[PDB]
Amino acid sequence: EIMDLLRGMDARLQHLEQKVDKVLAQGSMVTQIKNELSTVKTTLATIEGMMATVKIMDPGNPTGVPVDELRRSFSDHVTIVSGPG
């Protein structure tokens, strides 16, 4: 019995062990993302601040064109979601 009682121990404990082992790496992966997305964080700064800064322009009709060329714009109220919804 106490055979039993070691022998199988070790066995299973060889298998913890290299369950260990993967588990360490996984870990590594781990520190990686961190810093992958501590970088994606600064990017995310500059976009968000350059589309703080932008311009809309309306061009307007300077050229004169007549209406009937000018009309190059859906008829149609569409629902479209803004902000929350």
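Take the two forms, find the largest set of C-alpha atoms that superpose within 1.5 Å, and that set is the rigid core. Residue numbers count along the first chain shown, from 1. What changes on going to the form deposited in another entry:
- Once you line up the core between these two forms, the Cα of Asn61 ends up 2 Å or more from where it was.
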Contents of the next structure:
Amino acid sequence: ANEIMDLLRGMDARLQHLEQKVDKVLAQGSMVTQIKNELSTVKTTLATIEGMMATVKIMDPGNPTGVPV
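Switch from the form deposited in one PDB entry to the form deposited in another entry and give that structure.
No partner chains or extra molecules come along with it, only the chain itself.
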């Protein structure tokens, strides 16, 4: 009779910390979002470096400049 109710509260309790463990992982996305925001700046600085290298490469006078189309 009452034993089943006892184990029932036991289940409620178990699930209650299921929430906690999950609450933690949901809160783990904080970096994921920031790292995306800052990776945007990493991307633009990378692109600038790549463009500078392309420009210096084509600045050599041995091989003349050929524009696509």
